[PDB]
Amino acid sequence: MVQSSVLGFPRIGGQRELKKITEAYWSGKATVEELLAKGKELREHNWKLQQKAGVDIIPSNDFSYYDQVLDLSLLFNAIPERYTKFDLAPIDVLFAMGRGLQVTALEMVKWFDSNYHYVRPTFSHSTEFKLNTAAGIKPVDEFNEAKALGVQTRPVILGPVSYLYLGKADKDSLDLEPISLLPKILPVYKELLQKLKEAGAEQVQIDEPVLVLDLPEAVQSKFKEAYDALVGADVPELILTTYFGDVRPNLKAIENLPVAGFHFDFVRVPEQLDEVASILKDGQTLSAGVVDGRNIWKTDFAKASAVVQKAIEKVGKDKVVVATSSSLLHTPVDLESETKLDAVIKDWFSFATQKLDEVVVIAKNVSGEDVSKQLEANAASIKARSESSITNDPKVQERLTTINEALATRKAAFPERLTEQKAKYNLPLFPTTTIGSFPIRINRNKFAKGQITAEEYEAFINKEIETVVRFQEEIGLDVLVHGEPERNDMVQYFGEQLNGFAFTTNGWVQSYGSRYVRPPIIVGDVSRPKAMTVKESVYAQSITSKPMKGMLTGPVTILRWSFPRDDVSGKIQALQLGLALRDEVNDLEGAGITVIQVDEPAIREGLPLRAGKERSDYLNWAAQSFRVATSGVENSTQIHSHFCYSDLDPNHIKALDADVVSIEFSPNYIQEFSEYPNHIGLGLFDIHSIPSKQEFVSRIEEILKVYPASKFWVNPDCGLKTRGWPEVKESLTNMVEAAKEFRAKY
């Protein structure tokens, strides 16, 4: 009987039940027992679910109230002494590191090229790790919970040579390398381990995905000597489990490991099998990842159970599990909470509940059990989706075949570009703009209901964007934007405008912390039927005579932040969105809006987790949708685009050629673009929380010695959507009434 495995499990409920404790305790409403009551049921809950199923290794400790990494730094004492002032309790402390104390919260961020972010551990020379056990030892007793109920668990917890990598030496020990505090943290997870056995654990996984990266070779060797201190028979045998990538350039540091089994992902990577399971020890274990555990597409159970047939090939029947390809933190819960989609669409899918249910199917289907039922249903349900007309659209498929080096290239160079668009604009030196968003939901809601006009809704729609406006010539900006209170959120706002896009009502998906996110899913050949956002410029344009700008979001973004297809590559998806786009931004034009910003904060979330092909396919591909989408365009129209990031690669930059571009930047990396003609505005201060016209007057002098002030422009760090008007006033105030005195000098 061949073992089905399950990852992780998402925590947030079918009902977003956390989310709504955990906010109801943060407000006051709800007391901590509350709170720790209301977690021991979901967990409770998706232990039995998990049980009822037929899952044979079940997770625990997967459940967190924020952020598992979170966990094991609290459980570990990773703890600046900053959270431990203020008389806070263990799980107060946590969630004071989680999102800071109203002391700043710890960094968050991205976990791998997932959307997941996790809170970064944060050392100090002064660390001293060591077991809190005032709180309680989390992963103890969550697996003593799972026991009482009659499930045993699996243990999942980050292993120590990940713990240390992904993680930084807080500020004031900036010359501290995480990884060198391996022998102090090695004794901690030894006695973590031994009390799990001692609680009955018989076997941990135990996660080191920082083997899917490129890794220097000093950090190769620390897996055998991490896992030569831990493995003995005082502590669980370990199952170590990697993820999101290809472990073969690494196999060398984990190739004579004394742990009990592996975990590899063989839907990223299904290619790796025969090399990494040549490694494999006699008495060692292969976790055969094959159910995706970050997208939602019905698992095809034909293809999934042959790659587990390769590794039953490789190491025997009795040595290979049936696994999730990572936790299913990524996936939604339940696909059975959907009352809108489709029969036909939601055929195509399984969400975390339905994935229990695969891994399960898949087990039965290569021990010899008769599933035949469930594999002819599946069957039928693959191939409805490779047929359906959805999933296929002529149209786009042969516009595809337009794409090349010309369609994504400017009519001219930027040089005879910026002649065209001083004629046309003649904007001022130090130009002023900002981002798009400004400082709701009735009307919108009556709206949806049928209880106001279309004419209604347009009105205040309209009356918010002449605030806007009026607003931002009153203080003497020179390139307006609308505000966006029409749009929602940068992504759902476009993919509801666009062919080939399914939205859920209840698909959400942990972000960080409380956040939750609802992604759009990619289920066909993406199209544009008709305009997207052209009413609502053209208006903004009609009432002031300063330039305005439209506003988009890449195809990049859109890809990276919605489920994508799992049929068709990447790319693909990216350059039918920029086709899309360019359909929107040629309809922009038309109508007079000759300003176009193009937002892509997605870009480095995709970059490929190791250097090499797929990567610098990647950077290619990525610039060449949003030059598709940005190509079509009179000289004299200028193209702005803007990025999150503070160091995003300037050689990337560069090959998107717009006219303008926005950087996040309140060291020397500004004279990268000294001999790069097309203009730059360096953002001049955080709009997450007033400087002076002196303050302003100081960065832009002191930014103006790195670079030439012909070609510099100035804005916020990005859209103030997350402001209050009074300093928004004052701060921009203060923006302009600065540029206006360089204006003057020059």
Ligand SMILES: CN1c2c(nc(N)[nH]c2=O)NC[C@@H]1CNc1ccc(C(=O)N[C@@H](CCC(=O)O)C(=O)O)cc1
Second form
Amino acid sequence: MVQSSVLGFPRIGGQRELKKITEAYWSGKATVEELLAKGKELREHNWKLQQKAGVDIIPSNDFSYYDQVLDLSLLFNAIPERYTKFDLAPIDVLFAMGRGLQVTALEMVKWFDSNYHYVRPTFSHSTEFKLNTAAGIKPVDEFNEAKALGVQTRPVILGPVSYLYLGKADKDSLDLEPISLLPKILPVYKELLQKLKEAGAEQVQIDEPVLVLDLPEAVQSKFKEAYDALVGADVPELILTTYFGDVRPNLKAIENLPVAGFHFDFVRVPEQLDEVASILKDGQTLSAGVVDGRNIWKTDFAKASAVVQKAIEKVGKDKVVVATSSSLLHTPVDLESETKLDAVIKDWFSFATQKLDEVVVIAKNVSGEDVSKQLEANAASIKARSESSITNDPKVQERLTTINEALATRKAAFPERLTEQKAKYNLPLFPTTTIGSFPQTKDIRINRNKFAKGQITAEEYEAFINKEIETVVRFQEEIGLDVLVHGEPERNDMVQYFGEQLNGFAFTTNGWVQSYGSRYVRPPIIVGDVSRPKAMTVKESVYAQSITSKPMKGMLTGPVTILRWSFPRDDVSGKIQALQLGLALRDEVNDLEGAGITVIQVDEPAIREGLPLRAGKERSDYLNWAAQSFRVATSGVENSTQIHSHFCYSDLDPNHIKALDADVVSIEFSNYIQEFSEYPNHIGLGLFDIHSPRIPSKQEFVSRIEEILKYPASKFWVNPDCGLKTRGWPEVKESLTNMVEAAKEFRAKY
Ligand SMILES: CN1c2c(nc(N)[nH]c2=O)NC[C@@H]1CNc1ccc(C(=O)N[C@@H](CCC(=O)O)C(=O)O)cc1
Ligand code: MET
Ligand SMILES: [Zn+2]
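Here we have the form deposited without this ligand; I need the corresponding form solved in complex with this ligand.
Full complex below, order starting with the chain above.
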């Protein structure tokens, strides 16, 4: 009979219990031991959930108070000195490294192309790798905890190659190649596996996801070295686990490994099956990832089963395992918590708890068990979705056909646009602006709330918001910034604010996923053809513009970001989703401009995140369609309308930037500048860091603009890295005057 397997379970709790206890711990409200007690409770409950569902292979060590990579960093001693001389207990060294100390946290990084973030493994020349008993041995201890409940588990750890390859050298050891520490770390993994074996762990899931990445040959040889060194009689069997993409270009690196088996992701790349199956040795098992670990759609049991059967056919039923494609970390906990969803819609979904039942049902179906009831219920749910008008919008379909060159091209090229814009706005050289969001007051939320419970009227809350915009615009004026923003006080998440106002979307009350730390998101879901029925942002920008003579930036989140930070449709391409969004946002841009908001900025903070993980056709089509969707949203406007675009990734492919043809591009950027020397359009290389205090001076700033001018001055805007939502009013006062005053100097040197 075919076994079922789960690669990881989200640990936040059905009621966000993990957030509340960890936050209460950090803020003094809860003891360390009450923190450990909620932990056990969460693990117990999640193990029990999986046992009761009937999952055969059940993970342990997937739990974490913060980040699983960090947990491994704590466990192997990759713990820089600075964190060590504050007498912090190791759990508190944990929290120091992740979320800093009144010392900066270690770097947060995007975990592949998910919207989960991990803590960078950081390594020095001095780093000595060892297990530490007295800190407890997390994977061993949690494996023992589950065994005592009568639940045998499979520890999950990130393998050595991936762990090293994703870490970076610390400041003090700049010249180090992390890959090179491989001899130094294998012994420690060995010893950990020895101790997991002693405890009674028979199998271990060893994550090597960097196999789905373009790897240098020199890095590929390291799998044979690493795994030759780990496998043995004194250790558990190893299931080398990959997810999120296609391992075929690295197939040679793993075709003669002494591991007991492999896992691959056949949701994201079903087509790799045949090749990866072909290299299985006698005895090695194949874990077939066929229940999506990253999206929330009810699995098609017939198609998933046919994927598993294709593997059975190549390899034999006793050597295949039905699996989630990745850890379920990236999905919400429990659909049954959703109180507001239409039952028709809810019938399309499965969250992490429902996905447990899916891998069990799928395993049974391919085992030969009659599960024809479930298959029929499932087939009925799938058939209903693919017919619903909630997904069939004939107007949007027709509008898609109208997409062409003209529709993604401005009426004139930038040099001609600049003339009409200099006349219309007559901005001074070194124009000063900001990215959109400012610090926010307590009256805000209470006012939002009162209007939500019906306490104040729409024509009470609308005035509370305009006063807050008025406060924000008045401040900028006296400060003397040239192009202004409204502060975004009417706004929640920069995506949900748009999703709620767009057809084709649904929202959850409890669909929470961990983004980083104790900090969670509740992404919108795209269920169908998207359109914009009416004005989303116009009223607030029209009000801010009516109160001042200065040009007011309207403010949009771009189509790629709305797509990437939502759960997408899996029955249509990302691309098609992005272009529907481009067209809906086009209507918004047009209404904005129509209302006299003729400066408009578009934020695409998720452009890099959606980048296909391998270079190739998929990567360059993405850049073409990512750019194309942006241009479809912004190209209907007059030559005197000024289009801005903001980015948070500093290493953003210059050519993608040029491909947008924004009048102005603002980019986080505290050489490369030269790529734009002969590109006409204007650019504000973000001159300073939005994520900390320390208000820089005239010459802090000043040195910058000369150092950047070492790029022509006719094209330079002065602005920070991002919005200031994450800061306070005092530190914002000076920064911005110091910023402006700095600009005024150059400006008044011509
Ligand atoms: C700008 N970022 C961002 C994103 N993804 C989304 N969807 N939204 C974002 O703002 N990815 C990159 C980064 C992630 N950072 C964050 C930062 C804060 C919160 C946050 O404010 N979380 C709150 C609840 C949010 C709410 O109530 O709407 C929390 O306390 O968990 C989420 C993600
Ligand atoms: C995260 S991108 C910038 C978004 C928005 N304009 C802000 O200033 O907050
Ligand atoms: Zn930004």
